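Chemist: Each chain, written out:
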Amino acid sequence: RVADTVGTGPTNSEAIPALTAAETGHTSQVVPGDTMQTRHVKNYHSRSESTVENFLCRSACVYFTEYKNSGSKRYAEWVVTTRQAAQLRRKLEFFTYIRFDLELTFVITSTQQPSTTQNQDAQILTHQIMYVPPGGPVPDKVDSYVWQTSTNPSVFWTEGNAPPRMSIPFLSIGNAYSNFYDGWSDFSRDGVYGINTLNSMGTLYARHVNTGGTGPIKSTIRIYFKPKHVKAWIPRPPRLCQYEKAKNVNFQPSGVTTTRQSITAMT
Amino acid sequence: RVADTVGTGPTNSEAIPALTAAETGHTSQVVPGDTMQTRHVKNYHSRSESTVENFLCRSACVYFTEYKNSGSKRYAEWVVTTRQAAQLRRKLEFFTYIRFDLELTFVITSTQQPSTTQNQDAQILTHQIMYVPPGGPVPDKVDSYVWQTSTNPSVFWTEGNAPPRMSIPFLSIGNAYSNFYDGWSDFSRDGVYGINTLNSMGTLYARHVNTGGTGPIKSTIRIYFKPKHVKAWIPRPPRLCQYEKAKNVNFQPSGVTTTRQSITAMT
Amino acid sequence: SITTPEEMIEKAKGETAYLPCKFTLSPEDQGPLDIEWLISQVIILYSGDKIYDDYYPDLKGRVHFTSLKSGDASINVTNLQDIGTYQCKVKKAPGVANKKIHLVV
Amino acid sequence: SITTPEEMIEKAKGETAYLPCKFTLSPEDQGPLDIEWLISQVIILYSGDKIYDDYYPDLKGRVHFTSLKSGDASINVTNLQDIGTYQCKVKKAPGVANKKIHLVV
Amino acid sequence: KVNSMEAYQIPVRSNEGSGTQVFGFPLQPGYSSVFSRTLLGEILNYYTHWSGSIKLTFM
Amino acid sequence: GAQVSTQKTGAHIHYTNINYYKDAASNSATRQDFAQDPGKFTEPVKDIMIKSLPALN
Amino acid sequence: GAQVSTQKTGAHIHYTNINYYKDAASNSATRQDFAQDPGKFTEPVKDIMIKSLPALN
Amino acid sequence: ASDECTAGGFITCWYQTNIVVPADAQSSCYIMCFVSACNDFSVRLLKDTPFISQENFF
Amino acid sequence: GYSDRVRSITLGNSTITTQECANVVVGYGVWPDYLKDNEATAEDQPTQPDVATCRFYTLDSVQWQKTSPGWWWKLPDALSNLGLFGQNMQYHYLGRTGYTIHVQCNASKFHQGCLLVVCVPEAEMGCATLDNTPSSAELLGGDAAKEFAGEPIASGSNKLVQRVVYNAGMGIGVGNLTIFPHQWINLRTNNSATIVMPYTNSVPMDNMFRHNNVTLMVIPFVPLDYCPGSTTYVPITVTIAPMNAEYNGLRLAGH
Amino acid sequence: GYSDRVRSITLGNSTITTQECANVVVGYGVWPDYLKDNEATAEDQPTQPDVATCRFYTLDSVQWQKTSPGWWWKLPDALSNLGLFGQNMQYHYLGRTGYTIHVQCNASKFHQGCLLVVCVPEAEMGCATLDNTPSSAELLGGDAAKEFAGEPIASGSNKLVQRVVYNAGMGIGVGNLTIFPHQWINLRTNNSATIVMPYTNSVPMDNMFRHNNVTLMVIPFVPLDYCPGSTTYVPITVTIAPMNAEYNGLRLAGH
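Chains as they are written, first to last, in PDB author numbering: chain S, 13 to 279; chain B, 13 to 279; chain U, 21 to 60, 69 to 95, 98 to 111, 114 to 137; chain P, 21 to 60, 69 to 95, 98 to 111, 114 to 137; chain Z, 61 to 119; chain W, 2 to 13, 25 to 69; chain F, 2 to 13, 25 to 69; chain H, 180 to 237; chain V, 8 to 262; chain X, 8 to 262.
Straight line, CA to CA, 25 Å or less: simulated DMTMM-like cross-link-like pairs of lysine to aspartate or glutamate:
id, chain 1, residue 1, chain 2, residue 2
1, B, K257, U, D54
2, V, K166, B, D202
3, P, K99, P, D82
4, S, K153, H, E234
5, F, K52, B, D16
6, F, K34, B, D113
These aren't lab readings, by the way, just hints derived from the structure by calculation.
Chain S extracted, bound-state conformation:
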């Protein structure tokens, strides 16, 4: 619940609450009553929806890839990383370090690709989403032994069912995911520099269990990340310039702020 205002009458004293010294770095804790007369108003407003958990708990798509059931791209391979998208990435960046559990949800959508094969009566499609942990064997063809599933966590979802949702516990060798890393993987300081060097969360593979039918069908899989049980440390200024790459913080110089007419203009 937010703090309320306290009444004040006219004042005339040596003490000055307004005049301060911003050089110290202490933001003045001045309430409205300090520089005027105010009534006693009980503010029942609550800072409930501004909580870090409520701020970042919304499901937000990070990456969508499309795999056909017949042709060159039989299966889809995406390295896990929240940097691919923009809205969720920017939300997370606000904090230099962050420690959150994940609740991945997959929205899979099929589409009969235009073709000329007749008597297209396809049976219900079945899909498999496999999470390869880093250092694990990775599939090369749609039907390799890796797809059989030995110990990796995979979910089998027939089309038309409620979208699959598997929760992921915090997965980081360190004590918190580092949103920003001012360091190189190599002690020599030569090589990749940035968040990509320390963040590896495995790879995600999506394939058609059954070909489905005579005609080609293209399956779009959308991956949604919702941070839960989030704890954030060291708040940082929000990214002002548009993102240009996923593996680095490189940016294009942009105006501090959208301009207005004059210094006295009100638009």
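For chain S, the structure is supplied; the task is to place chains B, U, P, Z, W, F, H, V and X on it using the hints.
Modeler: Using the frame of chain S, we list chains B, U, P, Z, W, F, H, V and X on its own:
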């Protein structure tokens, strides 16, 4: 929870913890503080995911067979055995004897086979999975009296439903499944030699309850085994060479280990 | 199931060659016993408790079961000339096993 | 993964040009290493632990790996004339990275 | 030598010198070939994250 | 073993939560955590600066 | 007849389990069994060998 | 798996002196090395092993 | 005074004495004992000789050449033809027994070498040809060395067991074998190794002819090396003593 | 059981193990300790790494030929260029530290010999020419043997230090040196010798570059003798570990 380290200062004594005798077969129980100076670090890490139950509880496909709704192969007959696959088989072998309950899950997928019959408007497919216990009557045609089901446990699953999952209690005449058997079934010592002689767990039959439609449809059934309530005895070294057969341990001689450049090389 | 499935039996011309196909049946196996012999094509067949010559010209009246459902399906080919791989396929509904024998001389 | 993916290497005619394609592999990367070099089309290929000339007429016998799976895929093109963008595409199943080098003189 | 029992033996001998290196390998119980097929290393290859000490016992 | 907590209502009610999965990483989001402390970022000075008193004496 | 046990949480919570099927072979996996004894395989010698004391006297 | 961020370190052996032997005795000795995990070893994140392989069911 | 090296094991009517020996390895920590009634499955009154069978049997010595890859003995098969342990094994159907393996190999101070004396339960081995299994008398040996061969066994239409030492015939790393109860015979310090093996089978009792529960494998990790002038024929002799023999199902002799 | 020979010394992050060793000689009976405040004279807060500097440093091995007269190491100078002990020595002005000298020389049972491992405080040495003193790099050696020479050093217009072994370069009887803490390396029984030396200086602290308080001298009283066929290159390696390092007067690096 894992044990933690204990602090130690400089030492100078007759007692030697490092110098030992590996001939005895006792692996030295030397903590880090014995051969250096170490601080008191409370290790909160837990050996929870290395438990035998957590190690082998992952669902893992063992065998997939494909049966058409019209043609030569109307029904699919697979003898139950975890040796057909590689990942789950290797996981189980780590222990000479093992006693686990089973939770079979079947992932069935249909596919409209290319043909020329027109007006292919197939109705929803219905499948039946029947477990014939050893010594029980076995179906010869897709429509024999055996399919009617007298006492054998069978599951009827219409396509598009959640995949069928029936749990199996421990099924072994002995007191534990023997992963390795250095013995012959015949007292004379002439005949089959190995795990196949003592492990018979019955046969699995899968068929189309209804033909489904005018056009031919091929149904792929994938069988998943997840050991539960597992108890393992006598740990053994993991299978170094690639498996060549399902009924025997026969192997092709392979290098102890992948080679490197020299004895001082760091790659 | 069949004992020693890969075998190489070399025998001189003029004497009967004994080709063993001894098999052991699992408890799960409860099916009609179909024993078929192939050469590289069908030499003999055993279905419905009867033996079939199968009109093979190269080996007619020279091939017979030495023993049967007891577990023996061996063949004593007589008066060899015949060189090839002899495949014996005992058949059961849960599992069908085959044995290949290379014959020399 | 590849160090300095955009590069502009200008070198005078007559001396070998060293084109670096040093790469670092993520833990998630466990795939066959396919290194392919392109010019603006395929100069060299590395699949199955072997090097391929690829019969490129402009650069045959003048292009070789300076070092390998260790992390180096550089090329020392010899006896330049060749001006163009040289693209090095180290390949892994989770991620495939490419490096473009503009060569002058 | 990976195709013989010579893979395990580490060779030492009386040489007229001192400080000569006997062997050497990186601490990668999972990835390093030296440790990959050892009982600790092979079980480790069934996991992704590892932490703790190692008792290298030289006989 | 059900945990009963107050629902988020207006100003000027109970709901029952039972943890089904034993993993504990599957628990619903812990939204009801209204705790704040601006001192870490706002007013980070080592020596207290009373607002009424002059800042730089 | 519900059994309440602690959920697997981090270091530095309860869940409720009710057995529906009476067969008892249908019960969920018993993952929470953190018991170990290395003596059977490690240190299998008949006579105790104190690490500090010399091994072969 | 290998990673520049988490390089474990280097383990090596050297001759502090020389392996001196008397006459009529071999001067080429061998040394065996064993590996084990201390009582403070932990693992997490199960994955399928990359050493096993399979083409078709056996 | 006291000394750890010296040890004397007495069983039945035959005892052994080792001046230099390493501590005995007691199997998996379970000293062998008779079948308790909580887990019995044979209703017949078991015969327990307890002296006639529980005695130290000395098998045939084998030479440890500098070129010798290894040796394996199927313990039940090894004693099938020696004394009453063999006779009672031939007669009775079921047989349960613990083992007291002891391998002796003594060499002078100037010899060098190292053996791995390890007993492996369920040593299912693989034939040279993948399709067929090894035959008896190739896999098994009666008081016979059954030596390993370093070279990979040629794979043809035969039933020769893979003797590849670097795989131990089980397609597993030979170094990783240490998991099984094991004692090393480093010539420099200990000339003898003793493992007391409990009865390790999934069933309360099993026919010894039908199946061999444990197999003693001696694999020289470091080859024997000696300067000219030393004894060139240093043997390895194995003395296996059964313990707590318990037999059921008396029938006519044979198999 | 117990055994006097075996001993294990752990310091910092590096420990040493000696199977055969004679009892450690603890200096003059005073185990080294940090400077007590009853006798301090530097008012600056001393830095005490206590792990970074107090660790076993292994110097360069030296060959013990049958013709080798002896060797001397100025302990402070020897470690001047090794690790933080060297870095902190270069930076700080004053330096007080105890020493844990350990000399290793292993030989087979058929070798013979005898060393005198003795640490001498204030080993002021004499130049070949009486009028001038020896120069640095002749008297001192960085990780260098600084070997003694049996023949008297020719005396000319030079600064060569007298390496005469029968005088030890100090014009004193080498046999009488025993007064200083000393441990013998008789090859027949002990292959190692350890002396723990306390900080022995007249002032509470002294600059280590300015003056070397103690010098480890290894003088073979009985020459190495072996019959043909034995190893002819038996080295002597010295591992000196500092203890209780205490440094004052932080300045810019150099000297």
